[PDB]
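One chain follows as structure tokens, the form deposited in one PDB entry.
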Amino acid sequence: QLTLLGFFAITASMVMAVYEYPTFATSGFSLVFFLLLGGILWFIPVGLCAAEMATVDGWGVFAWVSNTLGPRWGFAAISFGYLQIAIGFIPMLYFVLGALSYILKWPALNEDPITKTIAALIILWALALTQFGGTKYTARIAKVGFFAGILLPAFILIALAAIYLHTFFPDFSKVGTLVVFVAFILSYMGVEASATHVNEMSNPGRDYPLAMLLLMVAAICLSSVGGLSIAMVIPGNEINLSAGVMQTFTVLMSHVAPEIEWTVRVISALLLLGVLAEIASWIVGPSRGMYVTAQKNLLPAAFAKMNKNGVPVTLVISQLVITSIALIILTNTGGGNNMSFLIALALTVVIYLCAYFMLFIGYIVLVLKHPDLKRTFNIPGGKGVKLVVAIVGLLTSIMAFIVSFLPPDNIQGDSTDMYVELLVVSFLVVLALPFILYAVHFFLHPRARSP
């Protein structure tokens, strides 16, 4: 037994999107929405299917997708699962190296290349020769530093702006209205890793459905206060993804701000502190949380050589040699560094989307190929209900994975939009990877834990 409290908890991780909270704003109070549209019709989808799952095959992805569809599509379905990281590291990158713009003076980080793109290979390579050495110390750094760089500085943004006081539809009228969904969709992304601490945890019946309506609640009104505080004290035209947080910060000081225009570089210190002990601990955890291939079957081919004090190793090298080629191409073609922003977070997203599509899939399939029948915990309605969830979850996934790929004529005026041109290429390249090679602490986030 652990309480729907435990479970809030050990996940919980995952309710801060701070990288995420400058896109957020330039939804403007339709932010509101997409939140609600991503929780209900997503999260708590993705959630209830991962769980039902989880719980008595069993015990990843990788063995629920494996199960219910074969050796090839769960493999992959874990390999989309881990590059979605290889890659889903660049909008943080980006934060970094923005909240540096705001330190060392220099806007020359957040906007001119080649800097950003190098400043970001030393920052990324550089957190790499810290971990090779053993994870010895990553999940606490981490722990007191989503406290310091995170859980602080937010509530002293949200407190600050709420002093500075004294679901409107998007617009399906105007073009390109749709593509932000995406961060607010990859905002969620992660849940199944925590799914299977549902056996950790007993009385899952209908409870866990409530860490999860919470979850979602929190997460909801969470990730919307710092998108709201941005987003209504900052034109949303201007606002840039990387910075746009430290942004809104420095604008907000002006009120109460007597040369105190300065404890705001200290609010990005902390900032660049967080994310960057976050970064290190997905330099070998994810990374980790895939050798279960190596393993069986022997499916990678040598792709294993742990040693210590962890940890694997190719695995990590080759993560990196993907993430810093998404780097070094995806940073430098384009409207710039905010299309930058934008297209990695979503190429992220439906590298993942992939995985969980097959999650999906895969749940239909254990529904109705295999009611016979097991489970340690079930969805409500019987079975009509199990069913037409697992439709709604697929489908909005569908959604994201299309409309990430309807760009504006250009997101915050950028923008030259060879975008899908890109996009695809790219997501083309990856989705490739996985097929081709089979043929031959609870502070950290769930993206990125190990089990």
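For clarity, a rigid core is taken as the largest C-alpha set superposing within 1.5 Å between two forms. Residue numbers count along the first chain shown, from 1. Compared with the form deposited in another entry:
When the two forms are overlaid on the rigid core, CA displacement between these two forms of 2 Å or more is confined, within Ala257, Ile317, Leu129, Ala108, to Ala257. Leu298 shows a C-alpha shift of 2 Å or greater between these two forms [criterion: core-superposed Cα displacement of 2 Å].
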Contents of the next structure:
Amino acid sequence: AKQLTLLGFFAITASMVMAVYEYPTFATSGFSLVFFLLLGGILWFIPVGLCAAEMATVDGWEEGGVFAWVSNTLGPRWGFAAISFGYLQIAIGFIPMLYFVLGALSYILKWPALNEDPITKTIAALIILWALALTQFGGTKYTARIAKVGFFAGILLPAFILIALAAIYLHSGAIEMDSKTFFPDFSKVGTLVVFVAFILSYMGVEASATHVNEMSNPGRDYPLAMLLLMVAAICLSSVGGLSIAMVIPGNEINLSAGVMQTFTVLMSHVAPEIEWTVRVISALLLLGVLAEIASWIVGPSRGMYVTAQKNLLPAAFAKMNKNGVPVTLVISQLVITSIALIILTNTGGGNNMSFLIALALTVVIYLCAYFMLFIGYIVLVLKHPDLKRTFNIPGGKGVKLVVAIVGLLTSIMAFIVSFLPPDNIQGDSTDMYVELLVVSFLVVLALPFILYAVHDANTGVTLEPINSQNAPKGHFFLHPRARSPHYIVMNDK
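Can you switch from the form deposited in one PDB entry and show the form deposited in another entry instead?
What comes next is one chain alone, with no partners or other molecules.
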């Protein structure tokens, strides 16, 4: 007995439709971004959600996450490594936040040294990270809550204030030319590498797929959620990613504090009288992000305990303190994020390069997890056709293949394109982009593959799937990339 209206689903993963942080670096590509979101959604997004779902709704596969899906078609070795890119990609994916944080931070305090100064960013980055790390440790009773209050408060609220700020400003006066800048210049070197920010925008969906089952009539109900979710995300990202763009042109947009910058600019027009108001908006931005980050600190390692229960994970990488919160991982990833935070930022050209690079690294890591999803999916399609699926991509072995084949392509393309800069991401220069990024990525691709062989007597607890019904307060106000799916019921609780 399970019923989930198409809108019920939308509401659940609708939470990702908002990626303000990256709004600045979507703007760098001027007007093209509507193009780019179109690709993303049609060639990637969709396909991803399409295949991910069919795999989720398979007899015995609902409780998996593509540790499940993959480990059946591509086999074990592949599920562990693939499922580790749900967790790994997020260690790097943190950077972006920390920068956005410091960017807002800086604008609040008339301290443009928080963004600019790399030496100060690092020290300031960890301070904020390992602080949140602390709090979260104090049990995750709160997270969910704060997040529901936070994302409301901050990520949601400024958006209205931007639309209204940009829209009214566009009313009269004046910066990017809307006519035909629509297509990126394949004329120039770095033109694509931006995609990264756009693919990132869509990654995550695989999370809320299994949510399919509870659904009520996957058939249409579902390809529609996507159609609407994709359209909604494009509209939100298009209106925002552009606002900033209209009032700052491509060369000098600040990647991290780029958002607050747009407000300070658009405001200095509405009536300098309330120019300070912008400072207040920054506080809300930093708040929303802080809440979203704090929710990440704990979550995806819980997502990743399934590997431990199967021994897969080291004998030492399995322990939770009164109230769950397995800590070997949480504290472990924190080091990777901290160690990486001291490498990327405190290293290359300036800042814009450190921000954009962080996205590529996170996207590249996630790409690995996806490649298997598409590859294994086709294995499913073709090696296990006689099987039990609640949701079936609608068309036939054909559409199914061509659909899955397309997405794999889009990924690949995103993977490559990830690796060639223009050398000029608004000043800071990618002289060191392609390398640091090769050694950084090759360094990780390396982790889950080594842990496997390393070594092959059980203990832990039970994990209880979560559903449009359990679901702690305001889970879904969370990002899909990061929600875990199940409570660490130890002591039975």
